[PDB]
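S.K.: One letter stands for each residue in the lines below.
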Amino acid sequence: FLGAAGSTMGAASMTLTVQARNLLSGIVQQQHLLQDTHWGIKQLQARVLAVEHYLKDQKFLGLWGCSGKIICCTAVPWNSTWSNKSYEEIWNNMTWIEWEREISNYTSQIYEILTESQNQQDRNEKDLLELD
Amino acid sequence: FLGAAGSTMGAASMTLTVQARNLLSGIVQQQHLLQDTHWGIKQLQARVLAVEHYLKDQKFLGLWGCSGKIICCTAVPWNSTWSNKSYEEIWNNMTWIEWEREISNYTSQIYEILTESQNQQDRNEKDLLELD
Amino acid sequence: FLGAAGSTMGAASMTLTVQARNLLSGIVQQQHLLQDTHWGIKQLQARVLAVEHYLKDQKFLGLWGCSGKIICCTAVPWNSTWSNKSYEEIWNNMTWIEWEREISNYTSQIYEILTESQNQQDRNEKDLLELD
Amino acid sequence: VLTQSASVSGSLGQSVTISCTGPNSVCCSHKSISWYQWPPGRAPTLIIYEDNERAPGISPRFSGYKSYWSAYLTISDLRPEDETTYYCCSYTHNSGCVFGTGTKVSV
Amino acid sequence: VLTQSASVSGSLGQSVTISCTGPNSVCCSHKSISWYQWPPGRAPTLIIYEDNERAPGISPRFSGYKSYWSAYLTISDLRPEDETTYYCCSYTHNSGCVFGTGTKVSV
Amino acid sequence: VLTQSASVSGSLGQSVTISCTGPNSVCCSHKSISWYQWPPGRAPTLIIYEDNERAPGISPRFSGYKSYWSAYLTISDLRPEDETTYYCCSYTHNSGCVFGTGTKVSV
Ligand SMILES: *[C@@H]1O[C@H](CO)[C@@H](O[C@@H]2O[C@H](CO)[C@@H](O)[C@H](O)[C@H]2NC(C)=O)[C@H](O)[C@H]1NC(C)=O
Ligand SMILES: *[C@@H]1O[C@H](CO)[C@@H](O[C@@H]2O[C@H](CO)[C@@H](O)[C@H](O)[C@H]2NC(C)=O)[C@H](O)[C@H]1NC(C)=O
Ligand SMILES: *[C@@H]1O[C@H](CO)[C@@H](O[C@@H]2O[C@H](CO)[C@@H](O)[C@H](O)[C@H]2NC(C)=O)[C@H](O)[C@H]1NC(C)=O
Ligand SMILES: *[C@@H]1O[C@H](CO)[C@@H](O)[C@H](O)[C@H]1NC(C)=O
Ligand SMILES: *[C@@H]1O[C@H](CO)[C@@H](O)[C@H](O)[C@H]1NC(C)=O
Ligand SMILES: *[C@@H]1O[C@H](CO)[C@@H](O)[C@H](O)[C@H]1NC(C)=O
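Residue numbers (the entry's author numbering), protein chains in the order written: chain B, 522 to 550, 562 to 664; chain B', 522 to 550, 562 to 664; chain B'', 522 to 550, 562 to 664; chain E, 3 to 9, 11 to 27, 27A to 27C, 28 to 95, 95A, 96 to 106; chain E', 3 to 9, 11 to 27, 27A to 27C, 28 to 95, 95A, 96 to 106; chain E'', 3 to 9, 11 to 27, 27A to 27C, 28 to 95, 95A, 96 to 106. A prime marks a further copy of an entry chain.
Everything labelled a hint here was simulated from the structure, so no lab data went into it. Fair warning: there could be bad hints in the mix.
Straight-line distance between alpha carbons at most 20 Å, and here's what the computed PhoX-like set of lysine-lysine pairs gives [claimed, not checked]:
1) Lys588(B) <-> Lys601(B)
2) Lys31(E'') <-> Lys66(E'')
3) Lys617(B') <-> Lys588(B)
4) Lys588(B) <-> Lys658(B')
5) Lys574(B') <-> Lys591(B)
6) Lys601(B) <-> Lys591(B)
Computed beta-carbon distance windows for the label pairs [as the list claims (entries may be wrong)]:
7) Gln562(B) <-> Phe522(B'): 35 to 41 Å
8) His564(B'') <-> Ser615(B'): 28 to 34 Å
9) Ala526(B'') <-> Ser615(B'): 51 to 57 Å
Think of the CB as a built atom: it goes at the ideal place given N, C-alpha and C, for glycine as much as any other residue.
Bound conformation, chain B alone:
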C-alpha cells in the first residue's frame, strides 16, 4: 500500500510490487488467540473476509491465464466506447483511481469478455493445435 495513488498510472506501474506485497498479509513482525468466549468471532470474520477478497482477485487472475503474473497482456481489443482517451491521456494525465472510476460501469462486461476470450484462445485453439 506504500505506493502513492496521486501519481500517474505510468508511475504506479513501477510501484505495483509493494502494493501486491501488502495485499496478502502484513509484513512479519502471527496473532496469539486466547479465544475469548463470544468474542474474537469478529476477528475470525475479518480474517475470512481478507482471504475472501484475496481469493476473489486471484479467481479473476486465474480465469484470465495470468495466475502467475502481475502484468499480463491480453488479446482483448479495447472498445472505444469504454473510453476514447488516448495512451498519453490515460498513462500520463490520469491516476489509477480516476481511470477505474471512469471504467467502473463497463468493468463487468470487460471481466466477462476477458474471461471468455483469454480462455477460448488458450484452451480451444491450443487443443485443436496439439490435436495435429
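The hints should help you fit chains B', B'', E, E' and E'' with the ligands onto chain B, whose structure is shown.
M.R.: Just chains B', B'', E, E' and E'' with the ligands, lined up with the frame of chain B:
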C-alpha cells in the same frame, strides 16, 4: 451453473465458462452482517466451506501445472482399464455426470498419477534441461 | 508429510510430491458438523488457519511466477553472503531443516528480491518486447 | 442398388474380405459405410458403423476400409461364429440408410 | 523566426496544407511541433500537440506531419468553421514554446 | 605405488605445482584424486577432494587438475604456511583410498 448437464460432454465443453464463473461467487448485485450473537456462525461456516471447496479444486489445478487454464492437455496416457469406451462413445453418447460416475472409482489414482507425472515432467526434466 | 527430513536435500527433492499432497488436506476417507453451541468455533478457526497457511505459500508462489509448478528455476543469482557452501556441500551434506535454519535470517530479503526480480523480468521486459 | 460379393469362403484363423460398391450417388466419395452381422432369422448386430470405426464390444479382429469406389469389410482370425450373412449400408448424417445385397461367409 | 505560408485557400470537402519551417535550432531534427487554431480576437485551441498526435475531441480530419526541415498541418473535409488563423510552435520537454507567423485559411 | 615429484621449491607470491601419477589401475581415466596438506607430526587437512573441487574454508589460491595420466596440484600466492608435505590419493565411490609418496614444498 447455467450450463445444462443433459447435453453431451462435447456440448458442455463450450459452456464450461459460465459454470466456472458461478463457482467463485454469485454475480455482483456483498452481504451486510449485523453479527447476531450466537447466530451467523453458520453463515461464516458456509463462506469458509465455499472457499474451501474452491481451494480444493484450485489445489488440484495448481498441482497439475494448469493453475491458469480451464482446459489443459496432459502427458498422462489413458488406461483402457479405466474405460474401454471410444472418443465418439464418450464425447457424443455420454453426459458429464454419467462419465464422472463411471470414472469415480479410479479418480483417486488418476489424480495421484496426474500430479506425479505432470510435476516430474515440468520440474525434473526442465531442471536438467536448463542445467545444460 | 510421508517424506523423511533426515535425508539429504537431493533425496527429498524426489519426495516433494507426497508432502505437497498432504499439505492441501488429508487423503479422502469431509467432517460432519452438528454445530455445538459455543463449540466447534475452534474447529472453524483450525480450518481457517489451514487455508490461511496454504494461501500464504500460494501467494509466495504466485508472486514468483511459479503458480503452477512445484520446482521452478529463477533468475536470482545466489549471494555468497547468504552461504558460502557449495553445491555438493548443500545437496549432499545438509538436510532441508538444517539448510532452512541456516538461511532463515536472509529468507525475508530473499523473498522480496525474488518477488521483485521474477516479476520485473516477466512483466516489464515481456511487455516492452511485445510492444514491438 | 448396393452390390457385394455373391458368396465367399474361408478357414480357421484366416481373413475373409467382402466388398460393397455401387453408383457414385450411393457408394462413392465420403458417404459413411456401415457393416452389420445379420444371421438369417434372428437379430442383427452393429459390426462397424463409421468406415474405419467399430462398435463397442466387437472383437478387434474385424476391420473396415473404404476406397474411392468400394468399401471392404475384413474378418480376421475366422471362427465358427462368423458363418453368417453380412450386409452393408450407405448413409450420411441426415440421409437415410441404403442396405446392400449381403454376403454369406461360408466357414 | 518560425515562418509559415503567407495565406492559403480551399473549398468544401478539400484538404488545405500549411507549412512551418525555420532554422536548424528552431525547426529541425526532433523538436516537437504543435498546431493551434487561433481565431483572431478570441481564445485559441489545441489542434495537434505532438507531431503526429492530436488533442482529445478534435475531429479526425486534422492531421500533422514533420519532415527533416518543415512540419505540415493538413485540414481535410474543410468546413466553414475552419476559416481562421492557425499557428505553430516548436518546443521540447523543458525548452520554451516558439510560435510561428500564422496562416489564414480562406474558405 | 602412487608417485609424486621428489621435492619442489618456490618463493613469495609464486605458484608451485606437484604431480601425482601411477599405473592405469591406480591413476588413470576417471578415478578421483584428492590432495591433503599433511604437516609432519601433526593432523592432516583436506585441501582438494574432487579433481577440480576444493574443501570449504580453503583459500581459493589452491587449485587441482587431472590429465589422462597424471593429476596436478597447484599452490598460488605462496605463503610461509604452505611449507609442508602434501599427499595425494586415488579413490572411487566405493574403492579404498591409495595415498601417494608425498612432496615437500620448500618455501
Ligand atoms: C485527464 O483525464 C481526465 C479523465 O478523467 C479528464 O477529465 C475529465 O473531463 C470530463 C469532461 O471533459 C469530465 O466529465 C470527467 O469527470 C473528467 N475526469 C476527471 C476529472 O477525472 C481531463 O480533461 C484529462 N486532462 C486533459 C488535459 O485532457
Ligand atoms: C453410452 O455410454 C454409456 C456408458 O455409461 C453406455 O451405457 C452403459 O451400459 C452398461 C452396460 O452395457 C451399463 O453397465 C452402464 O451402467 C451404462 N451407463 C450408463 C447408462 O450411463 C451406453 O451403452 C452407451 N451408448 C451406446 C449407444 O453405446
Ligand atoms: C554440512 O553442512 C553444515 C552446515 O550447516 C556444516 O555444519 C556447520 O558447521 C558450522 C561450523 O563449522 C556451524 O556453525 C553450523 O551450526 C553447522 N551446521 C549444522 C551442524 O547444521 C557441516 O560442517 C557440513 N559438513 C561438512 C563435512 O562440511
Ligand atoms: C464494443 O464495441 C462494439 C462495436 O459496435 C459493440 O458491438 C460492442 O457491443 C461493444 N462492447 C462493449 C462491452 O462495449
Ligand atoms: C494401468 O494399466 C497398466 C497396464 O497393465 C497397469 O499396470 C496399471 O496398474 C494401470 N493403472 C491404473 C491406475 O489403472
Ligand atoms: C548481496 O551481495 C551484494 C554484494 O555486495 C550486496 O551488495 C547485497 O546487499 C547483498 N544482498 C543480500 C540480500 O545479502
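S.K.: Run every hint past the structure and note whether it holds.
M.R.: Now for the hints, and whether the structure bears them out:
1. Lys588(B) <-> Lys601(B): Satisfied, since the Cα-Cα distance of roughly 16 Å is no more than 20 Å.
2. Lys31(E'') <-> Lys66(E''): holds (10 Å)
3. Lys617(B') <-> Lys588(B): violated (39 Å)
4. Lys588(B) <-> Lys658(B'): violated (32 Å)
5. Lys574(B') <-> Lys591(B): Distance ~24 Å between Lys574(B') and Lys591(B) Cα, so the pair is violated.
6. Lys601(B) <-> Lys591(B): Judged against 20 Å, a Cα distance of about 13 Å means the pair holds.
7. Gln562(B) <-> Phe522(B'): 35 to 41 Å: holds (36 Å)
8. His564(B'') <-> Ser615(B'): 28 to 34 Å: Check passed, 32 Å falls within 28 to 34 Å.
9. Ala526(B'') <-> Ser615(B'): 51 to 57 Å: violated (40 Å)
When the structure is compared with the earlier hints, violations turn up for hints 3, 4, 5, 9 and for no others.
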